[PDB]
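Participant: Please put together the full structure from these sequences, using the hints given.
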Amino acid sequence: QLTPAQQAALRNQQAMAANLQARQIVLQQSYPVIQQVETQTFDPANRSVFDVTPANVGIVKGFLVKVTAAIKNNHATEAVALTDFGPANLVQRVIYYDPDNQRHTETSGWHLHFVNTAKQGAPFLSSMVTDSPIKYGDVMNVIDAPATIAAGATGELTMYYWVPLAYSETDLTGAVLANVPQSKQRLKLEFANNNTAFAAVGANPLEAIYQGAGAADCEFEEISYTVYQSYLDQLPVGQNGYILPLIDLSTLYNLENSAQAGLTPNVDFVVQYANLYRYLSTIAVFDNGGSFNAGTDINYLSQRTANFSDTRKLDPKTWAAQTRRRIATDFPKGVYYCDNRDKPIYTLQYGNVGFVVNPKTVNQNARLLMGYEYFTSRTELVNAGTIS
Amino acid sequence: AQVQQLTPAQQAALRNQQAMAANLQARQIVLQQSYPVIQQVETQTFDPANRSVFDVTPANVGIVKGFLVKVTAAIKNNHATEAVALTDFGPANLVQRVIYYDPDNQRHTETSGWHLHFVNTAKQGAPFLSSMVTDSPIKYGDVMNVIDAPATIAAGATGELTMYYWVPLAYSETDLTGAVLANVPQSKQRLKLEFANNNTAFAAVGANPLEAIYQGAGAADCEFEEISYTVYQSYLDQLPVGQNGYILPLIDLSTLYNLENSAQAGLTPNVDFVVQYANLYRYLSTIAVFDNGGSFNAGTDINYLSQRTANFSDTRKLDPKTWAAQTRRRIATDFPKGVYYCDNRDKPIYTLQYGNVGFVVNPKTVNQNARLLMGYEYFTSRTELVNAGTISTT
Amino acid sequence: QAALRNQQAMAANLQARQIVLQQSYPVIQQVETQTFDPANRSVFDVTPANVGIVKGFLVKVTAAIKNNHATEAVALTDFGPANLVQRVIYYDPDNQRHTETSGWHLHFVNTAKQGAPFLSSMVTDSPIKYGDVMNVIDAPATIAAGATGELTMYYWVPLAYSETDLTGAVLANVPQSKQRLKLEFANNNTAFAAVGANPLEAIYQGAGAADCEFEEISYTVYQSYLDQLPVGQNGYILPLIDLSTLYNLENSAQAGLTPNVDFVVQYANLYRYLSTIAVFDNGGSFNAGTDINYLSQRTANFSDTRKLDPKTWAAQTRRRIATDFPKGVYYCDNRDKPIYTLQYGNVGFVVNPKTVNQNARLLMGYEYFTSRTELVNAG
Amino acid sequence: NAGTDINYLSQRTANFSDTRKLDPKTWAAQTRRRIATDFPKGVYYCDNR
Amino acid sequence: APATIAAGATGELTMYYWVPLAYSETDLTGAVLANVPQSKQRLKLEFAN
Amino acid sequence: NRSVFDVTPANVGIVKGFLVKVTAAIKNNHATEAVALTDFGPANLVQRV
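Residue numbers (the entry's author numbering), protein chains in the order written: chain E, 6 to 393; chain C, 2 to 395; chain R, 12 to 390; chain H, 298 to 346; chain S, 150 to 198; chain W, 51 to 99.
Some hints here could point you the wrong way.
[Unchecked claim] Using C-beta positions, here's what the derived DEER-type ranges look like: (1) E:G295 with R:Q277: 34 to 40 Å; (2) S:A171 with E:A152: 56 to 62 Å; (3) E:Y351 with R:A279: 20 to 26 Å; (4) C:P9 with H:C343: 40 to 46 Å; (5) E:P349 with C:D222: 54 to 60 Å.
[Unchecked claim] Pulled from the structure, derived: some chain C residues nowhere near chain H, Cβ distances all over 10 Å: (6) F47; (7) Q107; (8) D176; (9) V206; (10) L251; (11) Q308; (12) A311; (13) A389.
[As the list claims (entries may be wrong)] Below are the DSS-like pairs computed for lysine-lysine, each with C-alpha atoms no more than 30 Å apart in a straight line: (14) R:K322 with E:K193; (15) E:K124 with E:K348; (16) R:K365 with E:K193; (17) R:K322 with C:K193; (18) H:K322 with C:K189; (19) S:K193 with W:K77; (20) H:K338 with W:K71; (21) E:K338 with R:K365; (22) R:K193 with R:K77; (23) H:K318 with E:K189; (24) R:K124 with R:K338; (25) S:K193 with H:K318; (26) R:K71 with C:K140; (27) H:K318 with C:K193; (28) E:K365 with S:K189; (29) R:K193 with C:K140; (30) C:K189 with S:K189; (31) R:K322 with E:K189.
I should point out that these hints are in silico values taken from the structure, not numbers from a laboratory. Note that beta-carbon positions come from the ideal geometry of N, C-alpha and C, so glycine has one too.
Facilitator: The structure is reproduced here in structure tokens:
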């Protein structure tokens, strides 16, 4: 007793036990509701940035965003073809904001798709090809895009995005309480337009959808989007009011992305985990000057700690072998996943953690596109004994 | 009482003095034990051809001191040959109306956008959020373009406007009179905002550019592309707790600090036009705008301005150039053409009988459909706003 | 239960400060003057006089810059003549550092305390010839090939906070000790930057900066103090808490900026921070807010208290200094309620950038109060 | 005119703001519930019974 | 509403709906007490296309 | 572009109902043939509330 460091450790142990108890009361007594909040069809030649107001009901868990599009190739003779990211570049940016102006997610289009893949164990909303004579397979075309739009043809695209607030369906960490009176929540959505979704032969196809010799005449016709809100209702009521997990709702499950530049061949390139977050995953995309290679331009990927010690330091084919253990496939050409969900990276446990890439080949205008996925809470920072 | 109806000692016997001494003690405890927070509460971007009136939900926290409203616009001029030019009120006409309702569904401020801008100027002592030009070699100046608007949008061009509004609830950062205690779980608190649209923001040549933003021979083809707005709420968090709940200044929170506007017509040349002040309000300043039938002049159509009282008739009967000299001692410049400012912050008009104090304009030349556009700020002390009347009469 | 005595010690401190400010005499006197050539020497140590209660210093720097290039010219940077002094260090007679900051940071705190650009002339509409007559702070905008320009710059080095608040001042009561006022000046390797180089600490930048050099730099130090101090029944009458408090100006430098990520700069745990100035050096490039998403001040690394975009952040400083700080410079005023934690990093300064170039750093200038562990031994 | 020359009609108070601020066709909708027709052009009815 | 719209013409439509919560103006059965600390009421509207 | 809208009114007092005024403009771009009103008419402007 009597020391504020261990007096705070005792009430953090009691608050964590009462939070896990109140969580499973909620997940037993509530009901999952999913309802549509907005639908709009537009033209990207006029406007391509939209803001959606979700409903302030219940405990919000996340958003399902269907994006449908039509693309005409108006070239005379030349065709185009899909990129490696493809229809995941239909959305360029997803931003969500709390009713307290707390930013939750600021992914790109491709980074939100890869976190949806890595949290399923398979490519997101795909259908496996089986040997069954019963006609399963690709019936409804949930995520669909033509591989080639010829000169004069038209291609229908479909894409789905799960924008997560809560962590999972059994972990309500990051969910937004919305059954109290408060400000409105904000879900900003920037879409692909006629400048960012078609790339010429030789341009950087990172955020493009199609690339080819007829991309100068390609254009959009329509883009429709539908947003569905997934939330919990009929919340349980106790003797003191609502029974709520009080430090799960005040924790943020976030999905930033970033970038860095300045890579030198055969020199270790460190991207530090900057803030005091609890990092859960990490996606590195090696944009080697518009070129994307399957590990032949990287010597090793690694993760360092404070005393310069690698806690994993693998070949690019061995880094991809740990990816196949989780999602049962490979991420696209140039994308490197790092799972840390069992022991999250926290730069207050063993010092400062970094992310290392040692490149073998470096082209001009080469960069490393990062994507983070982490937890954020409020750090309590008591004084231990002496002040001086 | 020789000038005023009630002297400041006569209107101090109409108040409880032990409740006022307990009120200034409670304000000093709040202002030294709280933390000033400013927080963005709403942001959305729209087309005014689709929607132009918006209701903003603030945050129910602390003691709210006011709102900062940032407005950004993207005016396009689709004419073939002709250009338009910025009016005198300019980007201050981006917001047409401002209404605030508190947690108890009581309105506080209901005024226009140009009147809110001039009270923002009159309380700073300078044009609001502007940068002065100096002769420093270090590159100070207008770097960030906080309030910005191009002076001319040509035929086939686009202009970007930026405008800021302080919507006051509390009177100042040291005087919490007018502030709103908002730590109650309700939803009646809102901030209604009507914006400029394609009809009210572009005036033709020879029209009335009072509420317009641009004016010119190519104003029929001018359109908005986009208007964004951002609302920031300034408040005081972590209120001091003693016994009996929070320690709060009870007279400061049961008093409103409002901004209201009204229009009076019926001016004739070379006689007095007495716009009467009203019973039971406590007036702090007065903006008068002489719209001389769509024409605005630099004092060349007024004989004199004055304030008026029942006994002791005139108190500041001055020439228009001398009226402007008393406001260059206030805001270090003068207001645009047609705008005249009267200050009453030292001795506020609180007068217990309706038309006891009046505001006089003696015009030289009156065009057809001429009017005075008044703007008032006042303390009105809830439990007597229910027994009040209309803010002005002519 | 200890505020019954500590508020009485503050009441006796304010009651004794007013006696000093009304019974003493404010004097300003020249202490040192020197004219030198920066090719030989550019660090100078100045010994002020040990007299009275010292309030601050009024260093003025005059330079002449010759452009020996054949065809090309140079031009002023955004910080301009404020980079004539590179470092200002002051030391107490009791070996206590009172201010260690840069020249550009000292100039902006001079701006931030006036409410206007420091010692500038406001342009008005008057027909009476006011304006820039005496050229108190002046510098030519472009020095052509073969021309010479004359610069003048003034620096107020503060010891006390203001002229009515003697918090931070030095009682110069020890004849055997002495004060130190080390001043580092610009030279030919600092004041001239080439095209594309970092213009942060430079004075002139252009295509002819390889042949630009100083001809001379002169400086003059004036000292403001309170003469004729009132004497009581035992020693001087003094505000003891006011003189047992430092008023410091420091500058730092952080790095590790990535786009779309919150970059937090933690405050220390025992200072009372009055103002923060953040300069976004985006790899030798300075932008007018178009590379920052927002700036903020969050408490427990979670909850922001003033999170604003760069145009609303600049709107809060136009209420303070009635103009805008130069490109990349961002001011944060905390003078009404100073930032004061008891635990390290329990308040931070946040910059969320949008575009980050290589060699991007964030320069942080601070201004704060610090108490000493005991009183200052009057006599 | 049949509401063509009016932005809105209203009924204010001092404490409260506008109580029934309506456009001229919605003000007319409140009178078609009263007298089951419209008044002639320019005539506007306000019931406070 | 106009009765017909000819080839090349344009018609203007106007229509009012009353969404009821209380039963009548003298019977408050069905009305919503929105002085509650829960949340904001919603009114979803599908239009023609 | 959009057909469904969600309106979020304030929580004041005892709510009695909502008045919804719908205005429209229908252009007939056919070459020769015209269209005529149905029996439900302008009441099919709001499809679902």
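Participant: Run every hint past the structure and note whether it holds.
Facilitator: Against the structure, the hints come out as follows:
no. : hint                           : in the structure
1   : E:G295 with R:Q277: 34 to 40 Å : holds (39 Å)
2   : S:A171 with E:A152: 56 to 62 Å : holds (59 Å)
3   : E:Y351 with R:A279: 20 to 26 Å : holds (23 Å)
4   : C:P9 with H:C343: 40 to 46 Å   : holds (42 Å)
5   : E:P349 with C:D222: 54 to 60 Å : holds (58 Å)
6   : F47                            : holds (21 Å)
7   : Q107                           : violated (7 Å)
8   : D176                           : holds (23 Å)
9   : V206                           : holds (23 Å)
10  : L251                           : holds (19 Å)
11  : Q308                           : holds (23 Å)
12  : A311                           : holds (23 Å)
13  : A389                           : violated (4 Å)
14  : R:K322 with E:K193             : holds (20 Å)
15  : E:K124 with E:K348             : holds (16 Å)
16  : R:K365 with E:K193             : holds (17 Å)
17  : R:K322 with C:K193             : holds (23 Å)
18  : H:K322 with C:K189             : holds (27 Å)
19  : S:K193 with W:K77              : holds (27 Å)
20  : H:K338 with W:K71              : holds (21 Å)
21  : E:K338 with R:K365             : holds (27 Å)
22  : R:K193 with R:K77              : holds (26 Å)
23  : H:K318 with E:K189             : holds (26 Å)
24  : R:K124 with R:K338             : holds (20 Å)
25  : S:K193 with H:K318             : holds (24 Å)
26  : R:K71 with C:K140              : holds (19 Å)
27  : H:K318 with C:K193             : holds (14 Å)
28  : E:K365 with S:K189             : violated (58 Å)
29  : R:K193 with C:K140             : holds (27 Å)
30  : C:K189 with S:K189             : holds (10 Å)
31  : R:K322 with E:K189             : holds (23 Å)
Violated hints for the displayed structure, listed by number in ascending order: 7, 13, 28.
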